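*Asks:* Below, each chain spelled out in residue letters.
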Amino acid sequence: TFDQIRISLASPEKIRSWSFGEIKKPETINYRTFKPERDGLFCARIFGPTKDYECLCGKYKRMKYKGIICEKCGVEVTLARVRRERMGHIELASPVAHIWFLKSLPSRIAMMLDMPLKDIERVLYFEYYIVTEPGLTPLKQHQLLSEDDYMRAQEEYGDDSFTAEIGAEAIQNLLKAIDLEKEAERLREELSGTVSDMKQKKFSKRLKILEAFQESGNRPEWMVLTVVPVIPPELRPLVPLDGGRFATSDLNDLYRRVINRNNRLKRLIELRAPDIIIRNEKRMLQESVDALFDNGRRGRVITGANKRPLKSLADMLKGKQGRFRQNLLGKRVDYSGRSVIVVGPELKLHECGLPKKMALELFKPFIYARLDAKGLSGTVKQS
Amino acid sequence: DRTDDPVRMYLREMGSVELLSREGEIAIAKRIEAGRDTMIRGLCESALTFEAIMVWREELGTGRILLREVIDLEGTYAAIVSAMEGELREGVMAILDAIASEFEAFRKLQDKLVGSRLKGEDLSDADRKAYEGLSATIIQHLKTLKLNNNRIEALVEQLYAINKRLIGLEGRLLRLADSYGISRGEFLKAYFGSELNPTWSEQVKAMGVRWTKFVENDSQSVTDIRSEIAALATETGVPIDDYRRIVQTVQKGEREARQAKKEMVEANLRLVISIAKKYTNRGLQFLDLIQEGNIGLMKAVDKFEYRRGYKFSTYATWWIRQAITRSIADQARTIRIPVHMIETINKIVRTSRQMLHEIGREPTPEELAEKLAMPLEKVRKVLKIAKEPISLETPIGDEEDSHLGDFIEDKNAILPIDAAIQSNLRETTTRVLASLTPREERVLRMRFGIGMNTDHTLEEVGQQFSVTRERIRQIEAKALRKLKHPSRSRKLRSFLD
Amino acid sequence: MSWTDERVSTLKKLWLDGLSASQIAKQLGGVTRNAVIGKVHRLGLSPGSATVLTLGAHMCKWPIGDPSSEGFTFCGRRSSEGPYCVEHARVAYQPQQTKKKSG
Amino acid sequence: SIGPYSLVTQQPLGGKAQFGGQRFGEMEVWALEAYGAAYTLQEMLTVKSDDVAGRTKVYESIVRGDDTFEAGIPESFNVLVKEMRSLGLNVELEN
Amino acid sequence: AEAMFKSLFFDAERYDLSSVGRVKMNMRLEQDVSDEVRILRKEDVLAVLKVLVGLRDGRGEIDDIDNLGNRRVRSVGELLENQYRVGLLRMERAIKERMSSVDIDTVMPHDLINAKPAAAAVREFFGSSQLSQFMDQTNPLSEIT
Amino acid sequence: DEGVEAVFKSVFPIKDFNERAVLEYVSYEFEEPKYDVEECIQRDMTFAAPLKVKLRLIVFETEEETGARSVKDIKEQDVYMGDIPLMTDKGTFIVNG
Amino acid sequence: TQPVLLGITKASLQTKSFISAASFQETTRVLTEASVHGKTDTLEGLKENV
Ligand SMILES: [Zn+2]
Ligand SMILES: [Zn+2]
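Residue numbers (the entry's author numbering), protein chains in the order written: chain A, 17 to 399; chain B, 110 to 189, 236 to 652; chain C, 1 to 46, 105 to 161; chain D, 1261 to 1355; chain E, 389 to 533; chain F, 50 to 146; chain G, 1298 to 1347.
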């Protein structure tokens, strides 16, 4: 049983604890033999075996033991149901900002530290440079020098006592350096004894978000996620249709693109490429990350083959496959039938006519039980 | 001013800062060559790279890595494959014979020099008069070697590791000294000027009268720090002898080379956009293709000399096309497809189209084997690849609803009617196993895992039973014959049908 | 060729200490190139006024001469906010920059 | 009565093509909530289409002759929990 | 910026206006120019602005969009022609991009032309399209309606 | 103004300024259908006619601002095109079975 | 303080149980708002038990 369902932010440690293995190669299956890959999205070593009580490579297919692990293959023998309850995590070379807490109607990140939403978008796009930890020199903190001349020509005040960062790392450092108790105490005194003309409309929301982040136990630095978990290989199936032509879900495209961009960024960081190419790679990776979650806030990502827009995780739960009417509330039901209706004057008020064809199919288990108890039949299969 | 376009921002950034240069590529190549020359001149030192690489040169005579591995042959041949590289062996042998004297010289003097540097005594010219000539001869011999890039890269990596250790020690010293309010310039210059003297930490206390409040901790740290650094320098290291300049010259050369390479790759950044535009709608986005082309261009800029093609674009276009084509066939396909497989598919498609256009109505797969000179089983297996699987969200109906995910059956799922039949069979098997004797029932349940999860072979059940191997089969046959009767196996017969 | 107990030992030793796999079969004798690979896979365990050194910030960097020659130096003049000098900035970059496209 | 189930949702397929099941719409659930019926709507949403583990238990009980069923948790809720866990949200059960 | 504004409205391929559009504009506003120019003429904008300024004060009648005179029917001919034109434009782009690699000198035709550069564009029209739907061949009356 | 000839006369010449080569259009011909309707309905084929257009590869532009090209006679080659589905007398547009 | 009135639409916007609000309203604003606050659903309403 379970009660008191609780939802909150997921830390990187919790995501690593949930995951079993890290995926590194965007290889779904082999073209010659259809089997899972070593580090692909469909991996037996990470998401359990494919067959029931049968490991790969034909070594422990006896199905007598379930605690053993194949040495040469590398996957344990377990039922196919375990492949649906196993998740994986993806490592990111650079931090990325969550799309929900950024492009939502109320700017959650903008509510913290009194930052406008227009300025946060510039830092994430690697357009401007934000300054932090200002010394006795000019260019006070939160200056946000726009032109590059201010980052190089205006930076002629010593290589120390002046720190400037750009990208998601800037937002991460700002969220990590921010304090909750001091800001809450400062907003509490300012709220009392104030004209309350326009400052209250923002001070109330800031105090609310601060008190929520305080008692809930979630640090403000969890907004910029570092590792992204992957859905198990059962909600994004790759079942082969009739005729040998497979049919996969649209969720594999987003994960494959994210893995490819992450590998490209990792190869760029090792090769020591220029800052112009490394910046564009980080931008593309962040775009892929925050488009894999919503796909509607930023520019639409459409596949080259199909002319319809891809359905991300957010769009999958809104109106089509969410809990509105598709799976949770309204669902298909067995032991039912449909047919046209007619009028019968001879029937009573509590009696309704039922065709023999529909009644014979709906009451099949009842007929089986009656034949078993009546004694006219023997084995269930025989019945 | 809002854009909401990553590729647009990338093109704006590359267009607002880059330009074009016809003769600029020549200047960039000359700067890269000068940087390589300065790095080579800075890396050829004594007691650090000569003795380090000499341990591998002493392994020569077996022809494993002494010749054709530590020194490039294309460079030595220009200064002058089975039939070639013959005289190069004798050349490297003569070079080793000439450098044997240089290796024997200073080998017994490096230890004396490092010991004199550690002790702190001022070294006179009595040994320097010969050390100068030895260094001149060894540098003259090393200059004519012209080693490959792998050996120099390993040497510079070892030097960078040593410099990282030294800079870590210096950072620890600075973090211990800045608590009092001491700067890095004067402290580093004093450490460099008074490194030989073992009591330099105590002799500086007289000058720094204000340091007396922390002199105790200063000594108790810096004495052990200098002892550790001296041990590290004397174990497998060369004395300093203004080693900071020798380690900074190679760093400056590498920085200049990297800056020139970055300038050259940024000047020709727009060249890849023209090539990437041709490859579109093949499974990869535009930004990914641009990034792959940039990777190819950066990989091609490393090797560019004054060959027949004096234009950098003529040599960069090949690498850009290779990078764009090699990556488009790996990620855009959605499934692991090798390069030879995709190239064979392309060749087969091209030949089939040509034959269908210039022969008849349609080329048959039978003649495609003889036309390409391949077996029928291979050409037949080439087809039916199942490329580009249909998305599960494609709307099957004309409208937006009724997607393809609904018109799909689950084969792995077991119907409840099948599971109900298994319970009946499991129960009827226990009732039928009631007329047989206990011994036959036990042996049958042991050989056949009816109530046991693990199966038992004949020998395994015989080791636990009295009958070792033979009569177990007789007992099983008797039990099977007892169950073959229609009266005892009447209800059990309906399961097989 | 043979596959005795000493054959696998020497093969593993020669694969571990380091040597070309093609010459491994020739040194053992009898065994071919394909056999040794299968064994290792089956068994497992598989002129200016500044040289190239005195070049400071905000100085010309246009090379003059040949780097592999005796005298190779740079201009080394007041050339801030640019790698090359003003006298060579117009000869290096594309003169008369006239380029435009759509966006 | 018993036909092929879905692939990812593990529910009975729809449409008269291959043994479809009459969809219990959202408005139909409000009708049972209007009445005092609480067990008819509880088993009609978990043991008939949602639960895969307890789906065969009710059939075995019916074929044996004893009317009884047990529902632990539907599969749609588990799929939704796995979906929400994929995002940054942490949906953990308590008690 | 000069080329952008010139190609936005004063371009032949970019800004296409059918002859029916020109005749409708001439009927609404007398211009005495039709069937010869397809791009937006510089004098038409001034006439449109003058007519709008006149209608603002009064002495004018608006044009309803639901009127049957302002609606035209696109049969299979025009749709298939537009699809074939898009396919031919794609084929022309492909041929222009491929003609630079192969040496034009000492060459011939039938080789620098894609086999199916536009056949897929015309095959997908009949296959997948909201207009082209299944035939209701249930009786002689449905075949004609 | 309608038909494939419309678009062909719209953009006939595929010219390139780098090499100065153009492709000219002269006319197109329609061939007989390979399969009839009575067999197209049974075989599940596509009722269409193969389209053939005649294009000349010779270009008037040449090097050094000269006049006629080196090849005075035009190529005048026939290139195969994708077939278009024909219309039955009833107007059915039978593309498949 | 005197009570405040609000429409039927916004009546479920600020409800206690986030599961009942995420069903009808947009799942984006309901989940992100309840995620930072960390609201715990008690499964009291009829929509949660269904
Ligand atoms: Zn195995
Ligand atoms: Zn110069």
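Just so you know, these hints were derived from the structure itself, not from any lab. Just so you know, even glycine gets a beta-carbon here, dropped at the ideal spot from N, CA and C. Hints should not be assumed to be uniformly reliable.
Claimed, not checked - Below, simulated EDC-like cross-link-like pairs (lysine to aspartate or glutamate); rule was C-alpha separation at most 16 Å, straight line: (1) B:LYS542 / A:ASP258; (2) C:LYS158 / E:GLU390; (3) A:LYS40 / B:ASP573; (4) D:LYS1342 / D:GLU1352; (5) A:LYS397 / D:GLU1320; (6) E:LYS484 / F:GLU54; (7) B:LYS274 / B:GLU383; (8) F:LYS58 / E:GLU390; (9) A:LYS323 / B:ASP553; (10) A:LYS218 / A:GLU231; (11) A:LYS323 / B:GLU543; (12) F:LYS103 / F:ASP122; (13) A:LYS77 / B:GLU127; (14) A:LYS67 / B:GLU371; (15) D:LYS1342 / A:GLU101; (16) A:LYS224 / G:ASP1338; (17) A:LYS397 / B:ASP573; (18) F:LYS101 / B:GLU513; (19) A:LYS323 / B:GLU548; (20) C:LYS158 / B:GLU122; (21) A:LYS221 / G:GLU1323; (22) A:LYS336 / A:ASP266; (23) D:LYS1276 / A:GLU206; (24) A:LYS397 / B:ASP652; (25) D:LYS1276 / A:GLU199; (26) C:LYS158 / B:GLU127; (27) D:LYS1276 / B:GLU564.
Unchecked claim - Far from chain F, some chain E residues (derived; all Cβ distances over 10 Å): (28) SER407; (29) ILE427; (30) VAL441; (31) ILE501.
As the list claims (entries may be wrong) - Which chain G residues stay away from chain A? Per the calculated CB distances, all over 12 Å, these: (32) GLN1299; (33) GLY1304; (34) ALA1319; (35) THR1337.
*Asks:* Does each hint fit the structure? Answer for all of them.
*Replies:* For each hint, the structure was consulted:
no.	hint	in the structure
1	B:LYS542 / A:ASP258	14 Å, holds
2	C:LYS158 / E:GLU390	10 Å, holds
3	A:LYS40 / B:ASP573	41 Å, violated
4	D:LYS1342 / D:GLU1352	10 Å, holds
5	A:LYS397 / D:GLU1320	13 Å, holds
6	E:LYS484 / F:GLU54	20 Å, violated
7	B:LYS274 / B:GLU383	14 Å, holds
8	F:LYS58 / E:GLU390	29 Å, violated
9	A:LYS323 / B:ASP553	14 Å, holds
10	A:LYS218 / A:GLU231	20 Å, violated
11	A:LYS323 / B:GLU543	14 Å, holds
12	F:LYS103 / F:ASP122	15 Å, holds
13	A:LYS77 / B:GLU127	62 Å, violated
14	A:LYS67 / B:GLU371	71 Å, violated
15	D:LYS1342 / A:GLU101	8 Å, holds
16	A:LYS224 / G:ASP1338	20 Å, violated
17	A:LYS397 / B:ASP573	9 Å, holds
18	F:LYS101 / B:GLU513	14 Å, holds
19	A:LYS323 / B:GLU548	11 Å, holds
20	C:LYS158 / B:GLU122	15 Å, holds
21	A:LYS221 / G:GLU1323	21 Å, violated
22	A:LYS336 / A:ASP266	14 Å, holds
23	D:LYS1276 / A:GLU206	67 Å, violated
24	A:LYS397 / B:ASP652	9 Å, holds
25	D:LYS1276 / A:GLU199	63 Å, violated
26	C:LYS158 / B:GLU127	13 Å, holds
27	D:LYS1276 / B:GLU564	14 Å, holds
28	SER407	7 Å, violated
29	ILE427	14 Å, holds
30	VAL441	35 Å, holds
31	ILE501	5 Å, violated
32	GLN1299	19 Å, holds
33	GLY1304	18 Å, holds
34	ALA1319	7 Å, violated
35	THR1337	4 Å, violated
Checked against the numbered hints above, the structure violates hints 3, 6, 8, 10, 13, 14, 16, 21, 23, 25, 28, 31, 34, 35; every other hint is satisfied.
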